[PDB]
Every structure is written in structure tokens, then in C-alpha cells.
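Below are the chains, spelled out letter by letter.
Number of protein chains: 4
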Amino acid sequence: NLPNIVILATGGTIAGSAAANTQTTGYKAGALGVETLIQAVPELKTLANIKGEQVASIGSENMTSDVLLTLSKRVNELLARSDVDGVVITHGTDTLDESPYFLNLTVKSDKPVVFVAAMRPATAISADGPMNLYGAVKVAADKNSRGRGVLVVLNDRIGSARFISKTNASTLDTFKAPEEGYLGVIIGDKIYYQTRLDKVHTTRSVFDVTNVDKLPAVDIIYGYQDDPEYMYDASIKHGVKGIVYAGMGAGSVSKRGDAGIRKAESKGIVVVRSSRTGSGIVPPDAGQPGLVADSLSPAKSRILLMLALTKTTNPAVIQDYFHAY
Amino acid sequence: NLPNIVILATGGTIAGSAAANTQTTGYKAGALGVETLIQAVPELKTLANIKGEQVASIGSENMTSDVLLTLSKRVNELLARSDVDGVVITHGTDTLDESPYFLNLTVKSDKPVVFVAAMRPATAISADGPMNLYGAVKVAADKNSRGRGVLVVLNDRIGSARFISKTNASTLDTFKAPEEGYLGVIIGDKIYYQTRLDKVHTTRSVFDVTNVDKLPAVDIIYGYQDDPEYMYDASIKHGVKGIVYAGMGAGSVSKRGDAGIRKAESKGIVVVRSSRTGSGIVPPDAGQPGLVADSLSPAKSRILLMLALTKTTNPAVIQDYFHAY
Amino acid sequence: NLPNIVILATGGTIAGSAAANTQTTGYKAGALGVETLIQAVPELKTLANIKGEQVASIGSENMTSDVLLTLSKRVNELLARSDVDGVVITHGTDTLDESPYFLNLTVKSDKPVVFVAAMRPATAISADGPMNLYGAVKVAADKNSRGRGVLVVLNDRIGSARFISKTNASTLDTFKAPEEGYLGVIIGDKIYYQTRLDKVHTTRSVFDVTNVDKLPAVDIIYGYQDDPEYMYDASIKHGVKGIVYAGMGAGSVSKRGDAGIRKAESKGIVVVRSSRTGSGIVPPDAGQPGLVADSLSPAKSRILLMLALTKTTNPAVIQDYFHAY
Amino acid sequence: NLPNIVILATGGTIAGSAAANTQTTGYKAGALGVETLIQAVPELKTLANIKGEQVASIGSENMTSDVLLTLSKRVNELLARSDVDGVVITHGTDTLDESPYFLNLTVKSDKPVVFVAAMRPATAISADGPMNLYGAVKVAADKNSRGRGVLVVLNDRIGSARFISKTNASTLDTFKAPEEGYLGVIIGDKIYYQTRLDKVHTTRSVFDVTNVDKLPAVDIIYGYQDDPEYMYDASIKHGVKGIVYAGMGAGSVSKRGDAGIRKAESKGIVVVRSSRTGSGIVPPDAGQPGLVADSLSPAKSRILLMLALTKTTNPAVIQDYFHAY
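Residue numbers (the entry's author numbering), protein chains in the order written: chain E, 3 to 327; chain B, 3 to 327; chain F, 3 to 327; chain A, 3 to 327.
So here's chain E without its partners, still in its complex pose:
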């Protein structure tokens, strides 16, 4: 009859009370076990019988690469059984830009992996966690929802981890993607799909971390009007593997940045040019240094280069990774 699904908790807002009926102020978030959540929404049972686990309880601001490593692995572990049809994961709102994209490059299965969260506290007037969680499961248990990549579900929308991001600081509808749109929507208890991702992911993925201990170090440097050359000397003097330049316009550099990058490359450090605008593609130009991010954002570019460096260190191949993913 009903399918079996597992909820993996990491903290967040959906599982976090405030101190007032309408308190949307800096409070302590992520203070809820996976046991209670079952309670609050007993309507979940009509959808599918569920089992819960506790993977952690830390703010998304402090989510770390170490955890993503432990998470991806576990995920593959449970997705491999016959009594596990899908997986839902509660997570923070501040870094939901990175976490769901990392598993997109490392889970080896067709069975659904869905992230869910909330902008309003669980005690706020008109809290969204309930209904966002309710629909996050529904898509998990759906047959048609298979083989579409890692998904993100908030505000009645269904979007891919390759495109979505938090576009506004504190609004309910922050997550979106101007250019790419959504995958599908959830209306009237029914689900409607509209489009499919046209990039490589999950199964066809070449990245595997079945047995990796630590990832390389990758920094992000902003580009502005009077940017400091010395900001570069640091990461270098700390031996990081790669650097992601979040630059002006389509990743342009000043005579101070054009200089620092070279200094870095010589030392064997890989650099990638991304934009600071928030949308669009950065094209290539032999008149400038470094490699070029496709239409990946600073945040997601770091997540790519980090895994692209455990495989190889050859520019050509790397560059070709940014256009295929």
C-alpha cells in the first residue's frame, strides 16, 4: 500500500520555536527533535508511513563540509535498501544554496531526495513549516517524481538544486531562479510537473566520495571598485587548493586583481571567474586570467571546484566540468 519514507533532521527553522506569536527576530533556531515533528502534522500518515533519524542540530550558518560528507554517504546507504522509497531532509535557510547541490553530485540513485525548510519560526503567527513539510513528503512518495535530480521544496514550488537560491533576505518567497524557472508546483493536493533539468547529475555523475576523508580548501574573494591585492596574499600564504573570484560584471578584474590571480596560478592554485550579479553566464576571454564559471554562482562554484579537485588538477578537464554540470 503506502510507501516507506525517512526524514533526516539537521535543525532549521521549521523545527525551531521563538518566544512570541509574531517574533521574527534573531532567536535560537534549530531546537527541535525529529520525534515531535511527527506529532504536529498527523495528516502526514495519510501520505505515507514514516521513520525518523537525527543527523544533527546546528545552525545552517555553521553547516560544514565535514557534515556534508557524512550526509551524502548515509543517504546512499539507506537509498540502497528495499524498504526505503524516498528521503526528506530538514535544513537551514541561510546555506540552502550549497547543501542540496552537493548531494546532487554524489547520490547514486533514482530514488527521490528532497530538501525542505521554513522562513518563519514554528511559533510565529502563520508559520509555514507545517504546510511546507506536508508537501515536501507528498512529492517524495510520488512515482513520477523519480529521476529528476535533487529537489528543493518551499512555498508550494518544486525547483532543482542546480538553479534555485535565496534571492531575498527575509521574505517567504525568496527562493527562485529568474532565468531557469521551476520544475513543478503543488496545488489542490495534486502535483503538476512542467520541466526537466538538462545537465548531468546523480546517476551519470562521475563524482564519488565513497571513501574520502577530507576535501581541499577553497576561498571566495569579492570584486569591487578599489579591491586589495593583499587579500590574495593570505589564502596563498595558507595553501588553499582553489579560489573563486566573485567579480564585477561578467567576472572582470582590476589591475590589482589581474595581478593577484597570476601570482596565485603560478603557485599551482586553481582560480575560477564567477559573477557578483546573481544571474547570467560568464563567457571566456583570452585577454584575462583564470578559468570561467558557466552560469554557476560564487557559492555553488566553490562546491564544484572542491570536488573537481579530488579528481584532477588539469585546467582543460576542469573547465569542461563547469559547462557540462
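Keep in mind that the hints were calculated from the coordinates and are not lab data. Think of the CB as a built atom: it goes at the ideal place given N, C-alpha and C, for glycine as much as any other residue. Every clue listed holds true.
Partner residues aside, some chain A positions facing chain B, computed with beta carbon under 7 Å:
| # | residue |
| --- | --- |
| 1 | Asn23 |
| 2 | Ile127 |
| 3 | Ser128 |
| 4 | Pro132 |
| 5 | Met133 |
| 6 | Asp175 |
| 7 | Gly190 |
Given chain E's structure and the hints, the job is docking chains B, F and A onto it.
Chains B, F and A in isolation, oriented as in the chain E frame:
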């Protein structure tokens, strides 16, 4: 008799030749002087009396603050003359997020000041520089554009320096303000205003740069998963007078981020928290260090802090501007 | 000390209950009365001294000019009082395009008049009503909200009754103004104002229905590829005094439409040309019949023609109200 | 060994002319021919072997279904050959909502079929036609464009026909798909794809007009506050085969509208309910009459209904096409 407008040049995309026709990726900017641009469109003389003089002729991504001053002083002295009705400045698009906001805070006259740029080489198949210029001048020569704050014209749109920025990396409809919209639009050789900036500016700005000669130093640090903290130590060790932070949401800070921000504040450095999303408001929170930017972007916030520091240091008074400007 | 405001209810998708709590669709609108709505949110009592009046109890789509005319009268002479600082109104979203704009033209006061609603049933898992209603009272209770026009608060945003509209059939963030933005934003128990409408309204309006009891009948015709010309005949043979056209391009006409308009005009009746695209300007064009709606949508345009015809019949004058209002 | 591409001209705004270089509101359309438009863009020779063929010289305002059925076949006939690789179609802009979706249901192949237009006259400053046509032939000639469905190309974008629509009325960047997005983009002489349509089309379609001479008439009725019922009889009394209801809210009908509907559904015709909002889905509702569009606009809903009326007449059958195309 027709109006008196002057067009101060700086050269950018609008005045930069390409190697071929369809080539709109590899080129040189600040290669074509004012004069020629004036020639390319003989229809401009139907709108006003044009006068032009070069000042920079350099790519947008390499402009420093010591040059901005020169510009503000230059435009004020031209606006005080009983025989000048408006100004029109050309600039690149890369750092067109900063420049406009600077004059909008230092120019002391209700007479019109219009910035203008292009997204393709003047040699592209359907170059926009032409129509955008005629369109900028039309606005400046209007008698109703007076007292509206610094203006930026592109793609037939009229926008406010305080809100407008480059959202996309390559498209030509890149400049927009999702939550704020535009002040006016130009359709059919006709102008239509619809809203007015509701913040402090120009004629009523408490800042006056007319007698200084060197602005303070201000850096910008990014916020992401696993972020380092030696970045902060770098700026402290070089004498920065203030730091802008690009939070992960409502400006959240990580464990290491919390740490860095304090070392700086403990040494006389003022730090303002902005946001890496793109649009939105960072709210006050006594559970974190530094000040909060209203809804200004990391880029724009840095410009407002430079000036702030040339008149004070009382953190309390600094917070108030961000809310009013 | 504590301000005091009055609440006027007229049913709507915010007063509807449903068989279950997971029923987004399929509910009876206009089930509860103002009484209940206040009892649900005990926080309101901490913002002001509330009071209500169940003027009607229906659903958005059955609203009628009769009801409108009444509603405007009852608010005028209640804002005239000294014991009333502001008034909030509850309404469906199915026609919130038309109700706010009507009052925006007929209310004679600088005091706050706020419209509010919700997209999902009061019985639903995360009904948006409670918080929407909390904010509506909040903006009415403020004093810096004076002389701004008729406001409409929904989903934490403050939009002007002249630019806002339902842009999506079922989403919970359906009200927005692509080219004009929002006036302010409610965040962290604070309201932030950014812009001001720049067209005539309220106190400076020349339309006063105080001594009127019947408005002219106006229809709306759509423009598509094989549009028939007999629809105009049918409207002409019913008395109507004016038709709003919902043209294809920027008011483009068909052969069947040219013949159409041309026919009714001679029959002494005014026709305005609007567009079906949902935003933008409709330029003059002496080579095409009828007048031109500035940037008013078919519905906003119909509201402006009824009122327009109570004070005149001159084509020329009506053609100026469309550029100023 | 570049491909062979044919250009079927229909005239449109991309072939329009005027007097002064600044004219962009009063001009004749289609005035130019396929011959001269190519003479204007030599760089095309670089991409493929081209031919031109005139089929009409009117504007999008006057496109009747007669022509469409004619065009629909000449394309199929022209694509079944081997000396034909890709074909481009020059159109106006007023009804580019319709035409593309018509062919998307009737062409039986996998070869590219792209539409292209321009919002400015050819005589205009910074005219957008040339760069547009260049990018249009560009995609057709490419081989990774097969099996992706009919494509619309303007202002550097490649969007789908089941989603694209004219958003703004006069802007140069009008064509958008708020919730769906673009399939690909064109930056620096290189194509970038990212999204795939997820619905039945071209080949898999179950529609063929190869043996059709005349199509069934379908009219659209708008939805507003005080709507007339005498509007439904006008059609019923004229032999309409179908009616699309552009309903307020999510297809919401008014008391008067409810009567006119049943009144017709009983006589014999078929009726579908869409939205006047511009986007979103209309859910199923037993409490209301008629069929429900999926998330198709009134414009597109008609074409579909009209083509489905050449096959079956069973209500339940048709409701199933709206969910699938």
C-alpha cells in the same frame, strides 16, 4: 533658443570598438573619444545645445575613489553657472552600482544629473549605445526631471541610483530593482514618471565633499560555508577604517565570522552587516556584532560608509544614516 | 494614547471554512463574520482599539457597483469623525484589482485606508489570514502612512492601489507590480517605506459620488486572432455608455475591430484602448480609433470610465484623466 | 558543409518602415521583403545556405486561422525533404502567443522550427531586428536543437512555445515566462541550453490538419465585476463550437456568468475555464460548470480547443488533452 547641456565622458562599453561585427565578447573600452560619439548621432542637436569634454577614458572596472572626488567637484562647479541646465555622464557598466550613488550623495543642485552606459560594442550588430544616449539627453533636457536624485538610463528605463543595480551578467535588460521598480519609462519619444524616491538625497544631503582630498579605506568580506577568519586579520593589519560583510541571509555570521568581526570592533574599526542575496532587508539583532545595513547592497553600503567616516565615528549616529539615506 | 481603528468586512476567501484542514481548494467563501476574525488573533488588541461592521458576506466575484458606491460613502463619513484614525477592509482577491482603485479616486481624507485578504482558507494548515490581518491593522495604526493613497497589504508587502494586481491564479504571492514595485515592506515588527505614488488621488480628486445613486454601464471586449465584430453590435444594442478594449499588442486593432469601434463611436459613446499583456504603455496613434489607456489595465480602466462619465462626455477631457490618474 | 535553411516570411513589425530615424510609433508594417532583410545581414552567409519565401505581408493583428492551416502544411511538406535542415519564420508580435503553439501541435518531425520578430521598426535607431535574425538562423543551423519543440527567439533568448508570452506592451525585453523560464540563451556567439519541455508535442502529438479545409470557430469571453449575460447568447445565437472563459481569479464565474455557461453547455457546445491573471493553474471544481484549462492562457486555450474539436466531442476526452499538452 534651446537648453544648455554638457556631457562629461569616461568611456566604457558605449565607446569601445570591437574586432568584428558579431563579436561582442572581445574588445577594448575607452578607445573612442567624446567627439565621435557626438557625431554618430546628429539627431541629438534637436534636443539641446551639446558640449563635451573628456575626463577619464578608462575601463569601468579600474576606477578608483580619488577619481570620483575629481568628478563631484567638477560637476558642482558646472551646475552653479547660470548658463547650464543639465549634465550627462558616460560610464562603464561594471561598477555602475557604486559611482551613481556617490554623486547622489555629494552633488548640491536640483538640476538634472544623468548617467549612461551600453552593453555591446559600438560595433555590435544592434548596438544600444546610440538610442540610449539620445534617450539620456532627452531626460536631462526635460524640465520635470528636476529634483529627483541622480538618474541612470538604459533600455528605455529611468531608474534611481539608490535602488538600481546590474542583476544579470550579460543580458541587456540587466539593470532592475525587483522590489523597488523604476521611476519612469520612455515610450514613443515621450517621458512618463510614476513614482518618486522616498529617501534623503542631494539638495538635502549632510555630506559635502567639496573640501576633502582623500577618503578612508573600506574593505568587503564574503560569507559562506567553511569561511576563513584570517581574512579579517588581513584588513586589520593594513589599517582599514571599516568593513562591510555580506551575510548569508539576514546577514547571519558563522562561528569564525563572529570572531573576526569582534577583533575589528575592538580596535576602532566600524563594521556594517549587509547581505549576499540580492534584494531585501537585514533586521536589527542584539545577538550579533556590528551594525545593520538597511536594504543597501554590499557595494552601495561601502560607498555610504566611506563618507560617513569623513564626518564622524559615533557608531550610534552611523546607524541612523543607513536608515535615512 | 492607543490609536483606534474600525474594520469593515465583505466576506472573501479569508472568511471561508473547509471540510478539512488540507483543503486548499473547494471551500465556502463568506462563512465567518468579522466577530470571529478578531477573536482568532489576540495580538491585535495590543496595537489598537478595534471595532467591526459586517457590511456584507459574499465572495469577491459577486461584488457589484451597488455595493461599491455604498462602501465608499460609509468610509468617507467615518474618517470625517474624530474618534476614527483609520479603517481596514477585508475583501476577496478575485477582484481586488477593482475595489481599491475605486476608493482611491473617491475618498476625501489623508487618513489610512487599508485593504486585506488571503489566498488559502481560514481552516487550512497555514492560513495566511492571521498574519495578513495583523499587518493590515499595523499600517493603519501608523501615522507615517498618511497621504499616500489607498493601500493594499498582503504577504508582508505594501502595494499601491493603482499598480497592484493578481498576476497568478493560485500562488500565495500573486500580487505584484513588475515595473513599479511596492511602496514599503513589513519586516521584524517594523514597516519600511521606500517610494511614493506620483499621480492624482484621494484628497485632490475631482470625483465625488456622495450625491449619486447610479453609474453608467461599461463592458469589456477581448482582442484575439479571429475576433468577431458582432460582439460590439450586441453591446451597442443594450445601451452601454462606453467600452474598454482589451487589445492584442499595444492596443492593436483588427479589421473586425476597426469596423467595430468606428461603429459605436458614431453612435455617441466613448471607447478606450487597453492591452491584454498586463503591463506597459499604450501610445497615441491618430491612425487608430478610440482613445488610449495610459498604463491602466482593462479593469482599472473600466473603473476610471464609469466615474469619468458622471462628470463629462467630452472625449478630449476624458483623455487627460487617463494620463494623470 | 553548412546546412540549408529556408525563411518563410509573413511580414510583421520586423519589416516595417517610417520617416525619421527616431520613428517607433507610426509606421507601415510588412512593407519590406525577405529579399532586402537578408541584404542587410551579410554575416548570415557565414552560417548556412539560405533561401527566402514570402507567404504574406500583413501584421500580427490580422492573422486569421485560414493562413495558419496553410502555413502548417507548407512547413511539413518542406521538412520531409533532405535538402532542408532547418526553417525560420518571421512574424509580427501582437499574436506571437498563438501561431507558435499551433505549429507545435501540427508539425510532424524533429527538425528545428523557430519564430523571430522585432519590437522596433527597421528604420529605427539601435534597431533590434538584425541581431535577432542572426541568432535565429544560428539556432536552426545547429544540430543540438532537434526534438526540443517549436522555439521562439528574441533579445538573446530561446523560449518554448507552450510557455512564452508577450509580457509588456512596448518594452524591448517583453517576452517572458515568470514561472517557467527560458530553455536557453545566446552569449558571445555560442548557444547554451539548460531546460527541456516536459509535455507531448510535434511527433508524439495526436493532431493532423493535413486533410482539413476549415477549422471550428471558438470565441473568448472576459471576466469582470458587473459582467453581461447577453454576451453569451450573442455567441450561442451564432453557432459557436466552443467558448474559453478568461475568468477572474482562478476561473471564478459570477452568478450571471454561471447562467450563460450552463445555458450553453446544455445547448451543445464545449466550454473551458482559464485565468485572466496571466499565469498559474486553474484547479478542478465540481461546484462550478465547464471544463478547466490546465495553466494555458485564454489565447493558447482556444487554439487547443479548436484543434481538439476536429477529433472528438466528448467532454471527458478533451479535459485530458489540456492536462497533457
